[PDB]
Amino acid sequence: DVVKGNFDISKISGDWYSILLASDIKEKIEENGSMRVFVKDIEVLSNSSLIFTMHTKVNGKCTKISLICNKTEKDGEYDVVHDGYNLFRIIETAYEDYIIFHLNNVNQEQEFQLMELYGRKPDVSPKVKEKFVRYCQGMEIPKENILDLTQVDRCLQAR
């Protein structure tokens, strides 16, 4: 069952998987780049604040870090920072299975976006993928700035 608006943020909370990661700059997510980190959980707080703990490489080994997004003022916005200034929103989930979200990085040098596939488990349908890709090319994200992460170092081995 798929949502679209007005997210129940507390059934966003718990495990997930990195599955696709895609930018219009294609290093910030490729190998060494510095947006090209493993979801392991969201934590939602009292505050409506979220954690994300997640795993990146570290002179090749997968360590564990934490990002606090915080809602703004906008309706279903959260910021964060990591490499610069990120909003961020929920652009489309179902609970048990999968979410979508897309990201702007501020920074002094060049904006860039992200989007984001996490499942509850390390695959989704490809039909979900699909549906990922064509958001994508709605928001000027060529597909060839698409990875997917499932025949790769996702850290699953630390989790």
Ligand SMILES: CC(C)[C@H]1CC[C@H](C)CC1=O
Second form
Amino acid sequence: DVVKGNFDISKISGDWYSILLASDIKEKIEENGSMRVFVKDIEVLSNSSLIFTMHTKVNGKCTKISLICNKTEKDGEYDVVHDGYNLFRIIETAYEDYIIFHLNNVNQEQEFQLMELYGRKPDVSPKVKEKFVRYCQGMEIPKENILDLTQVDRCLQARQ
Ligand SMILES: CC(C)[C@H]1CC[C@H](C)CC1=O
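Output block for the form deposited with the ligand bound, input the form solved without the ligand:
First the chain shown before, then all remaining chains and molecules of the complex.
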């Protein structure tokens, strides 16, 4: 049930797992990188904001953070503060299976894009992962810059 636009936001509510991570700056998503953050859940805060809870590593320990995301003037776009100012939007989702997010980090050193694949479960179809890899390459993210997190510690032991 792939939705490609006009997403119902309340249907992306609830728990998510981070599965694949991609960026045109690999350091951002590798171990210790500012964007190596594992989603826990998404909830509707208001008619125009979301709240994400996510895990980061702090001195080796999985640590929960909360992020407030607001609709911008552009349709489908949200902003969020983390390692600077970010703009993100949904690329596509099957609400009960997976969601793909695109993010832009707007900083003065070098702007970069992030691509994220979440699943309702700690894994999804190889069909879904293939769809994501294709999007990444269409966005000129090299395959070396796509990381599979199902192999690594994604704080699953700490989600509570
Ligand atoms: C801070 C990062 C990791 C979060 C913010 C919200 C996005 C939908 C997913 C994402 O890139």
